[PDB]
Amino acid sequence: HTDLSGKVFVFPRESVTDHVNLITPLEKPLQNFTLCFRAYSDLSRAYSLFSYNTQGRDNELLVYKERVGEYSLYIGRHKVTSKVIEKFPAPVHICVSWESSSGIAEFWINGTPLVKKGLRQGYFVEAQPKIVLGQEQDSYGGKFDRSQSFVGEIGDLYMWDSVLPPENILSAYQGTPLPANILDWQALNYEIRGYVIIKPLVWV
């Protein structure tokens, strides 16, 4: 695993091939989680930010930007969306969390909580996933779609198997996240497939 501190992955072009696989030893179904990352894209169409599919299950966990000012979260093929005021183009810091017990999804955009939404109360996002950055999956590992691909830069990705309270979200936003135990930018196991480059993070 690699230390990607002060670095980002830049997907420099639109394609249906370019993507990087994120590898975690996830054995037990997710009950809770929080996923934070930074992104910088000047795409005005919709795209996938983070895809997570399991054997025979599409959009098990998907974080999707519909358009400017609105973000969607998919849990077990059901989705929820929340709006926010934001500049275009501009770098963005995103956290989203979800708990199975209340069904509540929480988005934070640049430190700022959006309205809470709920979906899939009492569900478990299954284990042994295929997580990819740069493309939206429609099979376990594949069936990409050029019109949902992400082109730009992603950095500082962390994923925890708990719902973080606001002070921890805020730490991540401001550059000091707690060590994450599902995905950690500072000890990341990834595969680059296609044309993606690691360049220093110069937009924060």
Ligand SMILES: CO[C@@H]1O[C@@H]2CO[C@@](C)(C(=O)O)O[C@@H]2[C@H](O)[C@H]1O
Second form
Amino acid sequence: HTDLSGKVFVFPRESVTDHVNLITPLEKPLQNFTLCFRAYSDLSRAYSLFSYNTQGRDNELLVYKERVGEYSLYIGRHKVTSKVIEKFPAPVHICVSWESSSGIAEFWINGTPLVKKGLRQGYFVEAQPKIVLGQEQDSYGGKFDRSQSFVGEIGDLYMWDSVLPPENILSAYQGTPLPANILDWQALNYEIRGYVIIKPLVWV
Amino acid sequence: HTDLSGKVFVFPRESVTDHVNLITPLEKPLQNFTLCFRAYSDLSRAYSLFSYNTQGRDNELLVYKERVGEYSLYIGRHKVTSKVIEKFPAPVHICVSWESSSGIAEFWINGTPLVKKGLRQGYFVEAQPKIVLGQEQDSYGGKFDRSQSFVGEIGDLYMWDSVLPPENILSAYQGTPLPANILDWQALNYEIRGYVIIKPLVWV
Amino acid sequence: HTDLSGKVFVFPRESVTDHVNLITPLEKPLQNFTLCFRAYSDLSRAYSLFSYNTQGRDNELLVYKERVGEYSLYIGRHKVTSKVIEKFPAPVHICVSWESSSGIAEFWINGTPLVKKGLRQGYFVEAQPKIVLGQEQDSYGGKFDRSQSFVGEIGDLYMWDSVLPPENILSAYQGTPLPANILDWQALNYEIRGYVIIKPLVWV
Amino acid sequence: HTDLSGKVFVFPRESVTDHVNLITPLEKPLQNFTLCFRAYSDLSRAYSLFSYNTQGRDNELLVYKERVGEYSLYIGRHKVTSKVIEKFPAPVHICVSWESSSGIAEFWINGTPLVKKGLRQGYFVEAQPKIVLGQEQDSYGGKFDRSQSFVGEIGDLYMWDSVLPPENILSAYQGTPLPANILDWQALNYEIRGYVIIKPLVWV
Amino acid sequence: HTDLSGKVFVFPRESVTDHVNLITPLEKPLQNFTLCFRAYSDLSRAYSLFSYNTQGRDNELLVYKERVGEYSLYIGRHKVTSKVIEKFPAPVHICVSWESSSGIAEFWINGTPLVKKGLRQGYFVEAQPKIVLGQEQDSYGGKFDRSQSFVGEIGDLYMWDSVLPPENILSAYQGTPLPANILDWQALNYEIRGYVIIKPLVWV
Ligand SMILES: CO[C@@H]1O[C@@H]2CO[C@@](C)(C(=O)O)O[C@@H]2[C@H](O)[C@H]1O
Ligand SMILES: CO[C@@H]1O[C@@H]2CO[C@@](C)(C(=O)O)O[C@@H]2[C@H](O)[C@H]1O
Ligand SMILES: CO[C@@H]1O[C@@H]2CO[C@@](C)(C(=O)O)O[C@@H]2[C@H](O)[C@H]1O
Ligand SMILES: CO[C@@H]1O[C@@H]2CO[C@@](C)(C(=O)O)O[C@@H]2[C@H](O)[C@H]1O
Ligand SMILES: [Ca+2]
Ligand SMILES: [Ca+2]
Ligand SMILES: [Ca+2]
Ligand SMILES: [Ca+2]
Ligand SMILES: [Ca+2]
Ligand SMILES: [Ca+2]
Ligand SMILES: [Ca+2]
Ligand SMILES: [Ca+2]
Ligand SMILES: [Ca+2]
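Could I see the form solved in complex with the ligand next, after the form solved without the ligand?
Everything in the complex follows now, all chains and molecules, and the chain you saw is the first one.
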């Protein structure tokens, strides 16, 4: 594990090969979660932000950007889309949460709450995942698409096993998040597979 | 009755089923009224905000959003439309009032007064209603349309039997309204019929 | 005569009947004038603001709005048009002045001076008029058109027999005008003929 | 020899008649100049702002507005254009300087410097001119057009036989200029031909 | 060498002839660099900013503007493009850096960092160059193109043999840069070949 504080993963070109694999010891399936990160891209096409696929289970947990202003969350093949007013090109802090009991999906872009949507109530997002950044998975760890690739900079990635209250999301936005148990940017276990460079975070 | 202070009804998807019925003991017909609420939607199509229908009397009292900036009030099949400058998508506080004697309809969007229009002078809006949120009624409690459905978040619903002065509308906007006698968000008698979740109000 | 201070005439619908006649005991013809008022409409089509017609003399003195930003003054069948940057929909304070000696027409929208235009130098605008608001006249007191009708709110109407200096126009804009001799909103002699309601001025 | 300070020339209509001739004792040809004025027009089409024509030479010195955000300078029939961000309709202060040794043309719009352009290096702009305002000349003091005429207001017109530094430019924009040797608004010899009125400067 | 402190090179027209050659004693090839300058143009088409070509090696180091908001860097025939929000027309301060080890290219427009891109990792940009401003080279010192020509003003050109930290880029933006070893605007060795004039920098 590495402390990636004040650092970023830079995906410098468009490809179907460059990605980062993220290792987490997930034995038990997800009921509740929150996922916070910082992203900087000048791409006007659609791309993947966070791709989580389980064994023969595609789009199990996917954070997808459709176009400028439109954000999508996939929970088990099913999607949900919410809109926001944003500047293109500009740095963005994204927080996304989901809860099984209600089926509610919360998106927070730049510490601002988007309209709540719901999908897959009573569902459990499966354990033992292949988590990739920079690429969208269409299988367990592979089957990438160049048109869905992320070219840009990714930082401040934290994932919790609970639904974070408004105060804690703003603490993450302000750059002082609470301890994260699934993924922590301060104790990150990663794997770089192609052309992905670690550089200091200069845009916050 | 429930106190729904600091809470919201979230209509998480588009359907022709999900709605909330609101129960009020209306014996005598309406001459004067004010109706205040908070709404948050990222829908660019037309939808209903407040649907009140009486026994064989469709669009008796309807608050309808046409498109971005355009708001409509229906008093007994007859409509009236007023315009405003607004951001899409964004949280909105709506106040609408009507008076029988003059026929005047006042709309206040974000504590800002819109151009006064008039309809149905000398009319009485009938008692014993079926009041639904999330859906538009084309009968007494039913006959819904998916294209007119509200997907989003509704909060701070208050209804009075009088025409509220400018000072009181701003008190409602500021989040400290005067006692409401038809409907009160602090003592709400409701019925949830499908997929509608109660969550905290995070957008004020 | 009535004191209409802090009040407005509300033309609540589109029609070819609803209007207000304004009575003024002048029958000496006009050389110089200033005309100040407040208007609030969400109409995107063309309409009349002030219609003054004399015996067999149409468009003798007409304040006409063409579209958003464009204002027209008619002095004896002859028109003059000036442009401005304005928000739609929004409250507006209009001042218009004309002088016979030079032929100069001054328009002041929200206390801001527009480009000076000239028409009908050496002309006298005739006495004994039929002054209507809410409708455009095509005869002496009648011959209205629904497409030229004003639906909205009119307030703070004052008319003087002189060309007002910049300081006095701003005093009118600020809501403290100097004594008016043709028409005074503090001592108004009017006639309502259809559906026109008096309500308090809530938009200043 | 008239003090026109706090006053403006108004060209009230579109014609092929109305112009103001400006007289100056210039006997020697110009190698260096600076020309300062204020203009207010709501014309969308192309127009002449300042026309200087000598015996046998059309477009000797011409300040021409092409469209919104586009200013042109003609030196001895040769053209140069510069772009700017500006609001339509708006009052403008224009500063144009030219130097023969370098060929450099310097435009200043509302105290902001434009991209320097070059034309006619080594040229001497001919003496004994016919200087007109409101119209574009095709001959010595005549041969006008209706489509290039100025409808609007001109004020604060000064002309120097030197290239003025940034500080002097800015003081002219502030409304505290340096005394001018070719044309001075505070001691001007002019000639009104047709319908052109002198009214006070109410704008900037 | 000359002190060009508070001065600018003005390329006053479009041509295929006017350019400035910049002489630097480069014996050894470039691994790392930073290149800072100020540019002012009202051209809406594509142009070259900095052209560096080596012996039979076109687009070895090229700073190219595609359109408004889009900036390109060429390292050995290979390009990289990044986007920004900018006003047209407006003065701009550009900083561009490249590092061989990582292949990372950093663009800073008005002291604001753009999205990092990568190209040509492990490459060395060759020595003994022909460096031209105002024109794009398609050979060693020549083969220009009218459509790729820069018309405008260039200033504050500094080039270093290292990748400059964020603090130093802002020092360059603020107008107080650290000592430059490849090119220094304080001690510039240049050659003017056509119509290019030296004038004071009035736009900072
Ligand atoms: C959204 O419409 C379609 O959805 C499928 C499934 O979901 C993703 C993100 C994917 O997994 O590749 O895209 C697929 C396809 O390319 C899109 O046209
Ligand atoms: C507005 O034009 C039409 O009005 C009718 C009656 O009113 C509502 C709101 C309704 O009750 O369903 O819509 C109906 C229809 O779908 C619209 O095209
Ligand atoms: C402006 O063009 C035309 O002018 C005439 C005369 O003037 C008014 C305002 C009027 O008196 O009805 O409109 C008339 C007509 O409808 C317009 O198309
Ligand atoms: C970008 O597409 C093409 O690239 C080549 C190579 O690179 C430059 C800048 C050049 O060296 O002239 O332009 C060339 C051409 O004109 C462009 O259409
Ligand atoms: Ca997939
Ligand atoms: Ca895919
Ligand atoms: Ca209905
Ligand atoms: Ca319906
Ligand atoms: Ca008429
Ligand atoms: Ca008419
Ligand atoms: Ca000419
Ligand atoms: Ca080239
Ligand atoms: Ca080329």
